[PDB]
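The hints should help you fit chains B, C, D and E onto chain A, whose structure is shown.
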Amino acid sequence: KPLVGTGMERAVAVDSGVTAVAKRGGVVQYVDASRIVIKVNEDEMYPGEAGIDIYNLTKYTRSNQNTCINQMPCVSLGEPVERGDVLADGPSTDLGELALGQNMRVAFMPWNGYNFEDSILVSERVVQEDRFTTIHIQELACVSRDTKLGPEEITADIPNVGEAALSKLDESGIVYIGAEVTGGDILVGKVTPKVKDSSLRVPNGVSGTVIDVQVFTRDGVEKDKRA
Amino acid sequence: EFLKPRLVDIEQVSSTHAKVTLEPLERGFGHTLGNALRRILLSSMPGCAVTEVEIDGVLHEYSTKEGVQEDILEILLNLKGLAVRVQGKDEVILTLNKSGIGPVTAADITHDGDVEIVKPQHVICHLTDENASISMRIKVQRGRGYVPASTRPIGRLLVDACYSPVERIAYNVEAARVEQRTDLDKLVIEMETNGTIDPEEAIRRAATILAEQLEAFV
Amino acid sequence: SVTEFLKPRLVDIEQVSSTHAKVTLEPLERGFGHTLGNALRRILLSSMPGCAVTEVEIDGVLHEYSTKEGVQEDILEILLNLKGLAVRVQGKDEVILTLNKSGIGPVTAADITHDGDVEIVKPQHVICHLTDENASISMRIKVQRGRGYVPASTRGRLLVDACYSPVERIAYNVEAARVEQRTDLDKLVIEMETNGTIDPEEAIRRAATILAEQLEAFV
Amino acid sequence: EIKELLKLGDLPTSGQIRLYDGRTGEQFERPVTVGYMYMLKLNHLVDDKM
Amino acid sequence: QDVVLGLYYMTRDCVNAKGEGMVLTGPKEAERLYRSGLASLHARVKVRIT
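Protein chains in written order, with the authors' numbering: chain A, 697 to 890, 913 to 945; chain B, 7 to 158, 167 to 232; chain C, 4 to 158, 169 to 232; chain D, 1194 to 1243; chain E, 504 to 553.
Pulled out of the complex, with its shape left as it was, chain A reads as follows:
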């Protein structure tokens, strides 16, 4: 929420569709992390259908730039809202106002050359408060192609590796949801006929948590247990 704004933050945040602006005013009935329910006022309720609004918030999902899109409710239970009020603030939005960065206590002074030409000097309090910490969601695809000399299987039986390396996989060769895989870990076990190891693995230097796994199967291929 920029301390020194220009007043255009709310217009930019609302007009761009990232928040959950209430379609019809009313009273908030239910608020969880991923859903908001609004009981519309009798004055704004059409004759006939009753007649309440359900806003399904889009939780952690990947943007085009591998950032995080995550709408958070900004209203409490039993709180009146009117037409055109934000109910959930998306990414880089605070109570319906555009909020890109964070406002921090700055001092203009040379400091032993650590801000020599154009550099910044940052305290450990900024990194402890986790205020410039960002979430980056990455999508990695493993495809089994109908190649010559035999097709590709997504089994967990992989040579040249031990059982400690395959312990993070399930019985179907796909990593569990929530496993803290790091660089070099095997996400999706896949082998190609000659057999050789061609499994999808995390790129080196990349850590993180597997948050969602999607399996797409062509028609008539007898999807495995995990699918």
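Since the hints were derived computationally from the structure, they do not count as laboratory data. One or more hints might be untrue.
[What the hints assert, rightly or not] Simulated crosslink set (BS3-like; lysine-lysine; CA at most 30 Å straight-line):
#1 E:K521 to C:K86
#2 B:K125 to B:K25
#3 C:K125 to C:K145
#4 B:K104 to B:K25
#5 C:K25 to C:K10
#6 C:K95 to B:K10
#7 C:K200 to C:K10
#8 B:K10 to B:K200
#9 B:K200 to E:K521
#10 B:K10 to B:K145
#11 A:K943 to A:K890
#12 A:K890 to D:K1200
#13 B:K200 to A:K864
#14 C:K25 to E:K531
#15 D:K1200 to B:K25
#16 C:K71 to E:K549
#17 A:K735 to B:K25
#18 E:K531 to C:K86
#19 B:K95 to C:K10
#20 E:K521 to C:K145
#21 C:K104 to E:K521
#22 D:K1234 to A:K755
For chains B, C, D and E alone, kept in the frame of chain A given last:
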């Protein structure tokens, strides 16, 4: 010779922040001791921060739980901000079980009589509907400094460790017109703790650290 | 496990002529190099026991901006020469010494009367040069024990800036140290010169003793 | 108006406060300009550039 | 840019400061006076330069 300073007063203003006094001091020793103690206190003080959490129906911190409006990541942030004092142990596992509409604060944690929560009003999350219940296990452990999860079951959520009770330390050197002698200094140390460290104990530990570091060449 | 820190040790003491030394300390805890170095530097250059020439009176000089026949230098330069006169005194606090000399040649520190318990560590320390034979230099320098540096502006007798502290220049330079796996640490480097009254290592040990005695009421 | 709003709090009109060095503890002369600036983190991260 | 600013501020003078006109026995005494607060960084003094 050099008069020896001693802890003459501890003015505890509020629960969080306190104001200690050292008197007397010779010329220049006020600033020397003030800055040395301020750096020691801001650097090395034992704390009892949270390290691991385990919510039952939650696999990873980037998910949501039905009936709780906070995201699991926001719950982990609120737990990271939790101030707690453990006395007889180094690590301890607090248990939180709460159901029904309302704010789940820190007062709902199982007492664990050797472990004291110093801010019972600290809201951890919110439960929206009556048929919702949360049950989590919070690993509060003793440490020093700031240890992120990058340095150190698929259902265990690791939080960044911030075992530093003090939040703000300031010192002021004033003139202590006492003992029928002028040009003597008095050091007033205003410290802002989270409530889990007694100011006299903080000053004592800070002086002990300096005394131990000075043993390299004396 | 949260009480004991990386207590350092004197891993290197490289020195030059006995009025100069360079002492290294590693590996200190992250940030402790700066606090230890600042505390030691402040205690050494501000509050250290010592004795130095406090004020000198001349036979026929009544003002700092004056003259004396047969002397190459001026009163200001003789005051400067007397300020850097290293002197060591016994249990007595203050002592007045007399310097009388006639003849062509330099006047070193050994030319002061040898009677007394006061020891001069730099006998060849030139005080003044006189060019003629008729004129004779005669002065009384009163030295006293003090608590560091006290200039003459902080109030037939002339005032000299008293520099009691044995140190001349002290600097510290916190570098980066290394352990088997820990990286963010400190490597203190104290570089100290003295006037010759005491050893630089003795000065460091005395400063550590002072700083530890200041903390005996807490630990 | 900025000066008046600073004066509404207990803050100096000039916008500069005396600041003390963290390491040595000595005060910086020439009071420095302190305030709150709204800093942004651009999408140019060193772990994606190394 | 920062080195030149530091060297310009250090090698400078003002009409009246702490320790104006005092006589110094060398650069070491000048540093010992500045670091102890008994003299300003830019104060006109007579030093002995070899």
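Here's how the hints hold up against the structure:
1. E:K521 to C:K86: Holds: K521 (chain E) and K86 (chain C) sit about 20 Å apart, inside 30 Å.
2. B:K125 to B:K25: holds, 20 Å
3. C:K125 to C:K145: With a Cα-Cα distance of about 18 Å, the restraint between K125 (chain C) and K145 (chain C) holds, given a limit of 30 Å.
4. B:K104 to B:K25: violated, 38 Å
5. C:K25 to C:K10: holds, 19 Å
6. C:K95 to B:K10: Measuring from Cα to Cα gives roughly 24 Å; hence the hint holds.
7. C:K200 to C:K10: holds, 12 Å
8. B:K10 to B:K200: Holds. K10 (chain B) to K200 (chain B) sits at ~12 Å (cutoff 30 Å).
9. B:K200 to E:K521: With a Cα-Cα distance of about 25 Å, the restraint between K200 (chain B) and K521 (chain E) holds, given a limit of 30 Å.
10. B:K10 to B:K145: Violated - the C-alpha atoms of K145 (chain B) and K10 (chain B) are around 43 Å apart, more than 30 Å.
11. A:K943 to A:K890: holds, 25 Å
12. A:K890 to D:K1200: violated, 79 Å
13. B:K200 to A:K864: violated, 61 Å
14. C:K25 to E:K531: Measuring from Cα to Cα gives roughly 16 Å; hence the hint holds.
15. D:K1200 to B:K25: With a Cα-Cα distance of about 28 Å, the restraint between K1200 (chain D) and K25 (chain B) holds, given a limit of 30 Å.
16. C:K71 to E:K549: holds, 21 Å
17. A:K735 to B:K25: violated, 53 Å
18. E:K531 to C:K86: Roughly 13 Å between the alpha carbons, so the hint for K531 (chain E) and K86 (chain C) holds.
19. B:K95 to C:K10: Holds. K95 (chain B) to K10 (chain C) sits at ~25 Å (cutoff 30 Å).
20. E:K521 to C:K145: Status holds; Cα separation ~27 Å.
21. C:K104 to E:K521: violated, 38 Å
22. D:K1234 to A:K755: holds, 22 Å
In this structure, the earlier hints numbered 4, 10, 12, 13, 17, 21 are contradicted, and the remaining ones agree with it.
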